[PDB]
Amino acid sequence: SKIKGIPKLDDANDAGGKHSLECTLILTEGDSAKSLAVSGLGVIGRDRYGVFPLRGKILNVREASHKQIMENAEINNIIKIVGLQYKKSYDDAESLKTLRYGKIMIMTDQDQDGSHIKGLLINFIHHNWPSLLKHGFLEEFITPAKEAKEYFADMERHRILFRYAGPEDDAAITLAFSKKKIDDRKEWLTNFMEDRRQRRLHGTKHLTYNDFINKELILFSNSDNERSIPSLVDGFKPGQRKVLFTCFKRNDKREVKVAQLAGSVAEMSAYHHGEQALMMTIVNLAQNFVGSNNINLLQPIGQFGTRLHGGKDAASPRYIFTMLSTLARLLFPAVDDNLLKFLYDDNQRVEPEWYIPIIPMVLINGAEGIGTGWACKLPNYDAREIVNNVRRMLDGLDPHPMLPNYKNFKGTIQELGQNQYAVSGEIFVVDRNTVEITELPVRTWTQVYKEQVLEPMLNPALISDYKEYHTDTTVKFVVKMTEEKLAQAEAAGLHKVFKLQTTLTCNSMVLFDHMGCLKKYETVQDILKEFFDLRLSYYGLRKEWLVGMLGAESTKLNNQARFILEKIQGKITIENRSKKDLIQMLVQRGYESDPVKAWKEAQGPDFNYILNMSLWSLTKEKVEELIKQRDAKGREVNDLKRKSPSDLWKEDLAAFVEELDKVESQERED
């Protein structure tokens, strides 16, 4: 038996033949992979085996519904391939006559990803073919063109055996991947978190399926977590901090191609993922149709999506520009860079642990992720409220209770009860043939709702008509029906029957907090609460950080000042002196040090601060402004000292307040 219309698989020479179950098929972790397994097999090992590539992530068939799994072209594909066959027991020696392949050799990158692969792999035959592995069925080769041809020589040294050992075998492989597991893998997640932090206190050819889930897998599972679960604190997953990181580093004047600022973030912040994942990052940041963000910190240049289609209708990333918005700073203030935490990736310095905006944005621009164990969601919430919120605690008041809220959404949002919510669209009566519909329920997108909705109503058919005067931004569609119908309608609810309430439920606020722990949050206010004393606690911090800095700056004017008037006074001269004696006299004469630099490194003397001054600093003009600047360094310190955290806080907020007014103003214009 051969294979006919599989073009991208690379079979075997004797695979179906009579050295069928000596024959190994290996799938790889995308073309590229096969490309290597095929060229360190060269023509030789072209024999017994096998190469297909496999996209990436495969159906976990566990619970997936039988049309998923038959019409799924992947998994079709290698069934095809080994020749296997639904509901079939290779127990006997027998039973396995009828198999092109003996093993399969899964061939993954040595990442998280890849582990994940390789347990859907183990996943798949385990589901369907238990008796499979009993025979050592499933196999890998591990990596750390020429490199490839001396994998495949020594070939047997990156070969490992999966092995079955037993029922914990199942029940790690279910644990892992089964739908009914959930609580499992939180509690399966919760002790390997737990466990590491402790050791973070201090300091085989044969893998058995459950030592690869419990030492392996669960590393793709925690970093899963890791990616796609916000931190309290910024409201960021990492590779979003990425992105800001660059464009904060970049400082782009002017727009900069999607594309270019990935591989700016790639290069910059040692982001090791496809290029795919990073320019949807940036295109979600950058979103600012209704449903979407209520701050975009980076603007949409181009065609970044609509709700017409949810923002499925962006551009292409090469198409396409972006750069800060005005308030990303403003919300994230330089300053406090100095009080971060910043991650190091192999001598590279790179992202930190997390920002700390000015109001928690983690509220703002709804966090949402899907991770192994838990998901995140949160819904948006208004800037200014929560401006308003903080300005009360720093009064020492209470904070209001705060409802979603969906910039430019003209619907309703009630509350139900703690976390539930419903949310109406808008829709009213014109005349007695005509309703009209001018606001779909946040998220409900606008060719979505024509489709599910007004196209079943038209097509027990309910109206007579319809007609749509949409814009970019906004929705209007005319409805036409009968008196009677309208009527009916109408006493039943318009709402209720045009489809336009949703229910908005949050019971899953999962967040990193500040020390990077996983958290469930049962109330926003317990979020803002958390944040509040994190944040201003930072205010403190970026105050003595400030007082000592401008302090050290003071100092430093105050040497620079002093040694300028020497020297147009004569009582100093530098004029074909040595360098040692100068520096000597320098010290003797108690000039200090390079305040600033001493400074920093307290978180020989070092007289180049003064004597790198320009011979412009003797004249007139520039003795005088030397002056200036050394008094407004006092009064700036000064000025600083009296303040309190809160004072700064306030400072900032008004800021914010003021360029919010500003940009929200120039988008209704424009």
The other form holds:
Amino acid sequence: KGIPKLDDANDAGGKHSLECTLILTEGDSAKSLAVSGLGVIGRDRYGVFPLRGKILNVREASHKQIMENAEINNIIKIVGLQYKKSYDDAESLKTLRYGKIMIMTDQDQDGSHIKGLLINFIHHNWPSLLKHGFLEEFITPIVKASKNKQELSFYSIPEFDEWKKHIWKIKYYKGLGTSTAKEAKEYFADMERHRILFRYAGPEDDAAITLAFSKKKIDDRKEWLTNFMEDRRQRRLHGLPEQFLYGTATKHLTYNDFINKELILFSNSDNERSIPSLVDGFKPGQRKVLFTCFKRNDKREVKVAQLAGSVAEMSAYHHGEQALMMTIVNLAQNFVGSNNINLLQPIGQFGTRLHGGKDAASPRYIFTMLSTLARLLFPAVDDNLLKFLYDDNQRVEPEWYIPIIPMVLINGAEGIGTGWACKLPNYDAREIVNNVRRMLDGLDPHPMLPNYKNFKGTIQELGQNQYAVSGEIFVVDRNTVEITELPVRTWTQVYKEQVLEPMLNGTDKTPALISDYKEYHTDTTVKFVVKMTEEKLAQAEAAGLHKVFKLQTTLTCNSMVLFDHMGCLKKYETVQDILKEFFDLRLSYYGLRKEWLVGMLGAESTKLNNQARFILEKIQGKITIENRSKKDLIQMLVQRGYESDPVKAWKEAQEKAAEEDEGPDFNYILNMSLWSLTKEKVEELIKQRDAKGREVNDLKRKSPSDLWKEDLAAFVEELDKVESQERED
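Can you return the structure of this protein in the form deposited in another entry rather than the form deposited in one PDB entry?
Partners and other molecules omitted; one chain follows.
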């Protein structure tokens, strides 16, 4: 033909076309898996063609984007399909080169989404094909369990998890690429277990597909996921299993059951990775990046590409690394309209306001590291209070961090899921610190306007969650105006191509409005000088300059959707709602921080006490350890008043409160240096001990608010340092 990545069945287009199956694979390695799996014999009736990734949702796409979609058009050419055609009698089916399409994807949520889009494609264009078995799938296992003789295959994590309810070598298949050639030829030998047939069952199949993929069914999807989330929350409260879909010998799957028990898992997982948490402002990928950074604790820059590989490994990030690198870049950007406080330093070219960051260099050629602000906003001390998650016996990132200000409002959370989307604008950090200080003194918080670091324009409320964002334009003389700010997130080059150039050149609907203009930007600032006739500039000030030069955009925030501290999606009407809920939790954790520090400092002081009485007890000699025995001396030591390691006797302890959530050791004296008994080391132990006694008391005095205020002071000091240093470059 003329399609490069296609491997056409030898019998395709011939006389056995209707006995031919085209295999559509998620990506190029899946294709390789298919071709080796099919072998020599399989090339007669089985084609293989790979799609790059997600494909166009044709159901309400535009005519133009449909007719220009090379991948959709390739499928149509391979299969021999024809739009508007009905495939019912024997003449219609003579034009097909293939009789069926078999979909082969990762056994994961994003695979289910691709299958859904393919189903959506056939359902919307050739329902005569879809009602008569034209579509199947080739499933493969997500997890395998091998005892010694017999090898097991599980097609979903809940199936595998529940099989553990019996009593031994476990391998995980993250994508089709994990399988080997020998495993592939195995799968295709057992076609009867791996081929599943999509059955069309009635109108409820149409309703289901439409519910998942129609632009007119956003409300229905909201209800649909709300049921799923609460209903899952229930089974998961009453310890019931979570249902899975490929445990039976059934070779049939209705479109309704696919949508409602498989595609819905993608939709829910999509919201989980795309909608941020109220508590720390992160999405899970972001949180993993930052957990990895905290773990490495890099004193020097790290190449973005390398940090991504490190993040993937250290935190169990199972997606492609390009996206992770894009996430790292987005976290480090610091131009006007991106982050108000970038937690990662952009060491290299991470993007500018001239192109909205799309001029960032390759992640192989730029570097980053923690901003000095990062551990001031996410104090390491508080790590002792989080719930670290597990991914296959590996401890990874927490469910959320508990920062000292609501980061969710500092950098403007944004995410698109299914059913819901999130858009929060940026808020000034100092204004938030002040509102926290107000609430900490029993005052009501002040209402807050959106505010973008280094933005020189103005933002004014219009109604609730509606704001007028304006740049800066000045009249210079009767012929000249100067533009010195664009509205937030209007990029310099876009404005120049879409506003000034049409004003200079005229259009078909409008003649030219300006006579000339020149540019005078820096990397981080905007200066256009625009020339006009006296008359035209007089009618531009009359008609309002911000209007004429399109220096005004609306900003509407009626979709502030976030996961609360419990992991429930929730819609916040105002940012003050968000700030009160955050405040209310963060103040609780300061209470546990004070509690936790009391326990540890106490163990540290009780420790320093046993360490103390021993040494000065053998300074004058009331106990002997010379040529005794481990046997004797531990029992000798319990016999007297000496405690087994109090720090290790307070860590094991606080465990056991969290255990129930979802021998004697005197080494601390005895591992002590032999030096510890000398007057210029004994006097230091008494001071250290007496200092530690005061440490617990100096903190015993403090309120949680006192601790929070301390953190806030330390933060604003560094923020002053860091931001003015930024300005001197």
